[PDB]
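Q: Put together the whole structure using the sequences plus the hints.
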Amino acid sequence: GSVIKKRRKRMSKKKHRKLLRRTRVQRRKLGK
Amino acid sequence: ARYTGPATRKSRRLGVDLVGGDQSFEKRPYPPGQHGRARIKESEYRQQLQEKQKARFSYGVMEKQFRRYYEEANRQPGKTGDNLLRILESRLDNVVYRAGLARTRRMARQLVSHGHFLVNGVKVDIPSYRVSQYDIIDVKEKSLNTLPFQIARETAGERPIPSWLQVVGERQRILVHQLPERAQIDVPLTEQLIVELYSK
Amino acid sequence: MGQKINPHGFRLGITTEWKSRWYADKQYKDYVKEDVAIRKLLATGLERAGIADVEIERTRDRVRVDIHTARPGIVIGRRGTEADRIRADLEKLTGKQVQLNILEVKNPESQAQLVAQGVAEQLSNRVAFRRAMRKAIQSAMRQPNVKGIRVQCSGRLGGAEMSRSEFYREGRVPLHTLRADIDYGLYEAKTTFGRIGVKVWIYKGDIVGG
Amino acid sequence: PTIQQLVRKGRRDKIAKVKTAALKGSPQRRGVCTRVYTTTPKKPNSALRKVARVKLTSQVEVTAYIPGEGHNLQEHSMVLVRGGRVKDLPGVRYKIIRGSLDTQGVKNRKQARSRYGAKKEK
Amino acid sequence: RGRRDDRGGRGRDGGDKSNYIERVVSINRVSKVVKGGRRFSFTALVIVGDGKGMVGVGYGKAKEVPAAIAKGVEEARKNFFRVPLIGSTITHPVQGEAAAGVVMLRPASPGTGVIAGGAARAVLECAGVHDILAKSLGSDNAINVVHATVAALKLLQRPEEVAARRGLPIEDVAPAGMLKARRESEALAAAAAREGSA
RNA sequence: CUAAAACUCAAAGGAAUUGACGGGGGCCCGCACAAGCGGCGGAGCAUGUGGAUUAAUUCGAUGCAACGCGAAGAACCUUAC
RNA sequence: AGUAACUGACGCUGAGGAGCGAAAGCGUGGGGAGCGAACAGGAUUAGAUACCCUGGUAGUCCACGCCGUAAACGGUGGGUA
RNA sequence: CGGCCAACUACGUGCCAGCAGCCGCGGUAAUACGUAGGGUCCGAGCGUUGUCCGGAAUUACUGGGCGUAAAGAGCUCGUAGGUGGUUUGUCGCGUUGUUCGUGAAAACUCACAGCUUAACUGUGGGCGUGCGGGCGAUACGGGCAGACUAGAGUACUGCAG
Ligand SMILES: [Mg+2]
Ligand SMILES: [Mg+2]
Ligand SMILES: [Mg+2]
Ligand SMILES: [Mg+2]
Ligand SMILES: [Mg+2]
Ligand SMILES: [Mg+2]
Ligand SMILES: [Mg+2]
Ligand SMILES: [Mg+2]
Ligand SMILES: [Mg+2]
Ligand SMILES: [Mg+2]
Ligand SMILES: [Mg+2]
Numbered sequence: 002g003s004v005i006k007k008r009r010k011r012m013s014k015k016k017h018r019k020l021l022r023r024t025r026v027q028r029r030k031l032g033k
Numbered sequence: 002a003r004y005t006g007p008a009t010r011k012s013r014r015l016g017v018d019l020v021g022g023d024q025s026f027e028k029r030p031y032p033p034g035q036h037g038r039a040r041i042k043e044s045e046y047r048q049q050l051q052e053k054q055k056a057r058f059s060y061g062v063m064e065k066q067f068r069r070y071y072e073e074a075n076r077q078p079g080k081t082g083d084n085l086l087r088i089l090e091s092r093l094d095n096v097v098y099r100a101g102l103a104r105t106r107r108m109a110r111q112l113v114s115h116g117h118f119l120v121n122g123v124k125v126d127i128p129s130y131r132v133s134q135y136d137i138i139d140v141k142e143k144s145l146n147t148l149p150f151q152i153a154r155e156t157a158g159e160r161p162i163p164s165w166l167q168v169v170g171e172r173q174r175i176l177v178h179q180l181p182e183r184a185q186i187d188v189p190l191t192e193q194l195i196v197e198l199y200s201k
Numbered sequence: 001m002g003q004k005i006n007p008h009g010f011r012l013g014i015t016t017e018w019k020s021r022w023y024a025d026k027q028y029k030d031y032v033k034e035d036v037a038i039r040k041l042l043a044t045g046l047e048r049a050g051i052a053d054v055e056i057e058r059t060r061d062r063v064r065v066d067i068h069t070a071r072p073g074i075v076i077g078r079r080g081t082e083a084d085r086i087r088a089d090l091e092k093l094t095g096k097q098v099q100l101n102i103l104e105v106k107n108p109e110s111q112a113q114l115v116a117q118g119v120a121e122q123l124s125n126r127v128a129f130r131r132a133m134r135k136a137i138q139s140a141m142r143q144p145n146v147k148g149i150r151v152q153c154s155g156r157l158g159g160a161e162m163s164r165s166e167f168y169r170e171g172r173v174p175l176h177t178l179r180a181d182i183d184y185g186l187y188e189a190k191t192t193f194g195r196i197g198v199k200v201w202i203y204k205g206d207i208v209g210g
Numbered sequence: 002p003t004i005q006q007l008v009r010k011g012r013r014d015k016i017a018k019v020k021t022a023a024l025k026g027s028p029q030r031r032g033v034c035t036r037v038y039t040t041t042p043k044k045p046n047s048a049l050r051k052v053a054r055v056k057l058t059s060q061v062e063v064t065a066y067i068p069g070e071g072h073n074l075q076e077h078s079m080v081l082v083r084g085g086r087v088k089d090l091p092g093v094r095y096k097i098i099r100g101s102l103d104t105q106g107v108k109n110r111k112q113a114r115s116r117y118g119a120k121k122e123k
Numbered sequence: 017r018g019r020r021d022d023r024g025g026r027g028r029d030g031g032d033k034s035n036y037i038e039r040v041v042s043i044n045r046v047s048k049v050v051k052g053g054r055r056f057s058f059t060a061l062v063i064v065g066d067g068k069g070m071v072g073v074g075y076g077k078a079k080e081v082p083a084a085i086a087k088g089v090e091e092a093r094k095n096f097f098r099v100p101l102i103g104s105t106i107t108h109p110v111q112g113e114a115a116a117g118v119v120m121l122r123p124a125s126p127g128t129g130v131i132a133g134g135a136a137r138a139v140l141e142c143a144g145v146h147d148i149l150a151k152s153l154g155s156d157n158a159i160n161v162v163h164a165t166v167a168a169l170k171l172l173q174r175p176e177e178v179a180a181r182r183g184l185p186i187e188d189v190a191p192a193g194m195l196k197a198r199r200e201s202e203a204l205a206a207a208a209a210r211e212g213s214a
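Chains as they are written, first to last, in the deposited numbering: chain u, 2 to 33; chain d, 2 to 201; chain c, 1 to 210; chain l, 2 to 123; chain e, 17 to 214.
Since the hints were derived computationally from the structure, they do not count as laboratory data. There may be inaccurate statements among the hints.
Here are the computed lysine-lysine pairs in the DSBU-like style, where the Cα-Cα straight-line distance is at most 35 angstroms [as the list claims (entries may be wrong)]: (1) d:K201 <-> e:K51; (2) d:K42 <-> l:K20; (3) c:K29 <-> c:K92; (4) e:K51 <-> c:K4; (5) u:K15 <-> l:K43.
A few chain e positions that, by computed beta-carbon distances, are all more than 12 angstroms from chain c [to be verified]: (6) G24; (7) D66; (8) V81; (9) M120; (10) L184; (11) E187.
A virtual CB, placed ideally from N, CA and C, is assigned to each residue, including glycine.
A: The following block contains the structure:
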């Protein structure tokens, strides 16, 4: 089909990965 | 509750004569109200509801009673329309109105509610009394020697007595042989539309 | 609707004639004044009676009117009640006499102005404008020595709000051709909602008329 | 398809989709009223809807709209909240009944006669 | 649709034979985009048929509602359709499948009454059925439902026809009740014919 | 990887049909581009418009397609301020 | 594929499970020509932390192991007449 | 009382006050708001709230699909399961027919009867979709005892990569 849903999923995954990269250090400090 | 408004209004709104003998209907065939010349869109549901409303306003029956009659007709093994027409014509008010002892359906209902008959020698004051086969409808002397009953029995020239009703003489003892049928009733309006409406 | 020029207004000196054919030095003003006054006076009457053209000519201090009525009998009723009445009205409104002389048309369906008047009356009589235009086109094309027709009823059709301009035509109606002898009719109908325009074109034949 | 799969596991309902958190299905409830103010509907309809935060007796806090023209209730009043639906107001799913405990009916009303708590005039 | 029951001063207004039960399903405006502005049109879904059972659907397209209705009527008259019947009901239960319209039709006893959607009830009333059941399962449309009804009616077959196709006489294909109903319908038709001729 | 809940929306999607467009392509025109001529834009005069006053600066046109337009006649009149 | 001999139903799928599994990334010991994440500058842009240019650390390669992710698209499961 | 859905005329409110279940209606000329009438539905009930179902084929066994609407696991091996070629005999677990007892009373319905009709009530049946025992049937699903190659796997001679 079109690429609207694909672009939405890409944006969501990119924001999730950015949040993960930001909170990586905190998650590691909590899981150490 | 019993209807009290004018019957000519409903007759003109529906487009058919409900009382039979009337001149206002034929003089003003258009629906009543400020808007009687407006073109109304043809609708199957509209016509189906108008048929049931005509039947109701002509037979003087409530909506719950009509629904119960339709349910009993559908429950019966026969056909819905004919069964409903039969159970509606078997009423004592319409029976005595068609037998010639009354001029209008309203007058027949009033008389049968005032307790002026004797079903099998027992008093009755319910217009919804459904007669049966070989049933006898008598009249007490107090209501027989009165003015309205005398006029009703002497003016027996409006319509002929059907095959399922008979007058056995001057006593106005209404006798029924069997239940009515489609050909014996000969109702102007049909019943298929009312059946299709109530079967929604 | 469109920028098409009036064929009569364009060929007023080539093919079509003029409704006011006279000349006067410094008195043309009063002449046209009396002309438009007579026109406004006869508007309602001759519109209810059916009018096609009012040709007015000026003579030595008198007038010469020629009105083309379609339905004779409404304006010409009893001799001394309607015709003489309107004549006396015109005379007392103007500063001279009026030797009114009516001329009957040969076919109401062949005149554009009469077709426009009829279709406007039909539309105002609360009827279907489409059917009215169709029947008018049929009447005007039932071999009244014609070859083409084009009727248009613009404005608020059907008492609505949108300015619907139904373009209805039949036959051959060329506007760029000069050798056309096409008759034109412009009418303004008054309804309970506003104004309506009626533009008619009747291409009779390809007569030179030189 | 795959009657074996159907017998193994599958063919279950989707969800109950509770309409409103009626707290055991109470059609009409009461509570305390607070901050009777005005809200703005969406862009297709510009108006001022009179709403108020109602703390019902079921340990819940919602926002109810007062239908009608003139509202008589105010801070610390006894109202009758019922389940409604307002499309123009995003997030409002409750209304108030006028003329139940402390609310007053609308003035100059002889057509509705059922909602807004309109009485019969003599 | 308006100003049709008039009385013109012309010779004839359209009074002729072929008084079939014409019925319109729905009429919706169709728009087309061009270089400046939009052009509107009208599509009419008409169904014309005789009370005997011969039905026919049409699809008129024009720029006016009356013209579209007339085009649909002409298309229906040009493309007819035959339908079998047993007295007043359908022959056997069927399930027609159009592109997306799946219309299931079932018989019924005399006096039940037709029950179907908008377009289905319209086409069935235009046909010679009075007491049957029908249901359109999806596609939420009218043209597709009409086509599905047409396909269902086409999938039907007469009793004598199927008997002659399978190579067997009567009483070996039709049930006893269906045969009795067919005999009653034939008797009623013969009575109507003789009472109309005499 | 297993995987929801609250909240929100009256849609979100799939195919094709007609307009608009591609700094997409192909076939062609307009003193349109190129060469030339005479200019506006540089200064004074004439008005019109924008903007500011005003007892009133009547009213408008808001590009191309309004701005030597309505003024093809403003001391009273025209003029509606 | 051919011979068609051999047992004569031993045929197909498969919940969990097991194996393989594009590129990218990590550990160990090497190597690293070219290309090339990040990084430096040169240039346009009002702003270029990018498209363009110049050098280049990981990566791209080898052996031992790991996560099991792709438009892993024929977006179309395996088997039968 | 705009279309769904049985039913319109005028005054005041003209982004306001409001109406409303979905579409959704008002920015001076609202059949969509209030008010006056007129029409429609019902009638001692009428509209609303909360709940369950039909429509919604909208958990599709009766009743859908998985290329582009939601969807073939990225691909293979395999446990339990599902399932299975032709044919002879045999058991009859499934299936089918019959018969006995139950499936309470009660409930729905067919017929009759009473309370003036009806609601309501009583009587004779169907139903109480099943279950427990006996017998019959063997084509089919199932088990056991046999046979065979069209499926399955192996053998010998060549073949592309
Ligand atoms: Mg300049
Ligand atoms: Mg302007
Ligand atoms: Mg100019
Ligand atoms: Mg002055
Ligand atoms: Mg697995
Ligand atoms: Mg690698
Ligand atoms: Mg490494
Ligand atoms: Mg580089
Ligand atoms: Mg795959
Ligand atoms: Mg087998
Ligand atoms: Mg029992």
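Q: All hints are to be evaluated individually against the structure, with a verdict given for each.
A: Here is how each hint holds up against the structure:
no., hint, result
1, d:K201 <-> e:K51, "violated, 49 angstroms"
2, d:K42 <-> l:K20, "violated, 38 angstroms"
3, c:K29 <-> c:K92, "holds, 20 angstroms"
4, e:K51 <-> c:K4, "holds, 21 angstroms"
5, u:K15 <-> l:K43, "holds, 31 angstroms"
6, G24, "violated, 7 angstroms"
7, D66, "holds, 29 angstroms"
8, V81, "violated, 10 angstroms"
9, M120, "holds, 42 angstroms"
10, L184, "holds, 59 angstroms"
11, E187, "holds, 59 angstroms"
Taken one by one, the earlier hints fail for this structure at numbers 1, 2, 6, 8, listed in ascending order.
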